[PDB]
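Peer 1: Residues per chain are reported as follows:
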Amino acid sequence: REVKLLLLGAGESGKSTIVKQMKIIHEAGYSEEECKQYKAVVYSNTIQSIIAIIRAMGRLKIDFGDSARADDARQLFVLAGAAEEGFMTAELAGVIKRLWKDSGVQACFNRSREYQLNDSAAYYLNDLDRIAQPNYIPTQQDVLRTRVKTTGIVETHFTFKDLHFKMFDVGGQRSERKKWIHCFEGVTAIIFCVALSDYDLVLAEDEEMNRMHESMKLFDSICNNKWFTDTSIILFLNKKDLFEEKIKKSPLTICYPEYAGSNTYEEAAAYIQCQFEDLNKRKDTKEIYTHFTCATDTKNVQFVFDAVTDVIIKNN
Amino acid sequence: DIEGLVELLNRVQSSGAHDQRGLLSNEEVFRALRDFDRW
Ligand SMILES: Nc1nc2c(ncn2[C@@H]2O[C@H](COP(=O)(O)OP(=O)(O)O)[C@@H](O)[C@H]2O)c(=O)[nH]1
Numbered sequence: 032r033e034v035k036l037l038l039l040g041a042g043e044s045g046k047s048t049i050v051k052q053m054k055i056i057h058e059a060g061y062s063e064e065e066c067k068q069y070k071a072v073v074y075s076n077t078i079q080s081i082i083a084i085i086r087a088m089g090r091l092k093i094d095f096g097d098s099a100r101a102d103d104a105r106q107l108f109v110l111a112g113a114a115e116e117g118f119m120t121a122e123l124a125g126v127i128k129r130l131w132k133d134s135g136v137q138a139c140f141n142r143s144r145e146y147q148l149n150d151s152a153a154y155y156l157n158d159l160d161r162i163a164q165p166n167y168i169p170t171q172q173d174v175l176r177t178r179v180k181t182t183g184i185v186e187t188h189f190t191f192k193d194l195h196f197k198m199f200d201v202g203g204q205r206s207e208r209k210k211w212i213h214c215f216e217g218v219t220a221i222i223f224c225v226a227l228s229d230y231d232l233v234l235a236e237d238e239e240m241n242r243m244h245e246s247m248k249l250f251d252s253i254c255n256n257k258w259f260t261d262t263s264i265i266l267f268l269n270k271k272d273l274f275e276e277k278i279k280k281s282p283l284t285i286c287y288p289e290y291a292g293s294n295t296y297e298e299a300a301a302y303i304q305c306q307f308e309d310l311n312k313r314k315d316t317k318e319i320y321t322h323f324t325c326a327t328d329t330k331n332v333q334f335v336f337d338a339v340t341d342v343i344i345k346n347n
Numbered sequence: 496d497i498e499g500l501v502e503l504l505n506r507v508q509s510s511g512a513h514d515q516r517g518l519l520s521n522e523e524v525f526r527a528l529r530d531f532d533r534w
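Protein chains in written order, with the entry's author numbering: chain B, 32 to 347; chain D, 496 to 534.
Be a bit skeptical, because a hint or two may be false.
What the hints assert, rightly or not - Okay, the calculated bits of chain D under chain B, using three or more residues with CB under 8 angstroms as the criterion: (1) 497-504; (2) 507-518; (3) 526-534.
It should be emphasised that the hints constitute simulated quantities derived from the structure, not laboratory data.
C-beta: ideal position from N, C-alpha, C; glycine also.
Using the sequences provided together with the hints, build the complete structure.
Peer 2: Next up, the structure:
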């Protein structure tokens, strides 16, 4: 038979990483030829990341640790354009290296809850010595962490346990109402993604509820829609790795001020789970399949999707 | 209606950090510099 999966959820949650993971697990993965393609975007994301932190030092009034870094910042803007989509000079490598190692830039990086910094930022900057080398070809894990501009709908085909899978991702691209319907029609199961580590993000001037509650209010709509009654709702509470680290210093009471439990990862993780699951108005007709994932962790995603497939099997 | 979904869907799905996806363009590096020239 044929199985249609629709990925949903907030921007920067896991959706496009999951689709890439399906290619790594249930398809050939990424060829060395296809890896060369990404060398360009790797460097692009690296520079975009460091820029974003520098920029945020403005909003957060965080000065440079070492006075001299201001000139390195300036060099970055001059040399950046010359990162001509497949070449990072040792000149430029050192510039970024010095900035990322700066006491002040770090101080700002640690406050990434006060702005919006991509979660692939720390992955690249810590690996510069490897990325900067002239004969570098992006590893399987490197291609996984690359951030490309979303276009219309992304799709992937794979066969797993004698099933023809078609997985759809629409997010980011503000799509037409009539192109949304084409994605809902005949959907077997929805995989809704939630970024657990989004719990401590600090409110912007436009929003009227924290990000977790926005991802909630969306779920409350997907889950209880007339279109999805005979549809399996799978919930990936993603970014559990970051969430575990975050919960060590920033209490879940930042996000749910009414939360009376301890600031252990396990209790808080389970509490968030309850919050999304409780939005299901139909318990007599429907149940939500929840998994705590780490989308960048191929092994973990493999396990989880395996468990997801078994659900789909006995529900056809 | 099933319309109140579509509005909130492509708002929430278009959230998150930007100027962080795709290839690094000169217009992007310029706006980065322009900002830097104040703090
Ligand atoms: N550390 C960590 N990073 C993650 C995890 N899941 C996703 N990310 C990263 O954070 C971003 C998530 O957004 P992405 O899946 O790429 O696009 P989306 O469709 O908007 O969610 C990507 O840059 C991922 O590399 C996770 O579980 N742990």
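Peer 1: Evaluate each hint against the coordinates.
Peer 2: Hint-by-hint comparison with the structure:
1. Under a criterion of three residues with beta carbons nearer than 8 angstroms to beta carbons of chain B, the stated coverage of the region 497-504 of chain D is upheld, 7 such residues being counted.
2. Coverage of the region 507-518 of chain D by chain B holds in this model, with 12 residues showing a Cβ closer than 8 angstroms to a Cβ of that chain against a need of three.
3. Counting residues of the region 526-534 of chain D whose C-beta sits closer than 8 angstroms to any C-beta of chain B gives 6, which meets the bar of three, so the coverage hint holds.
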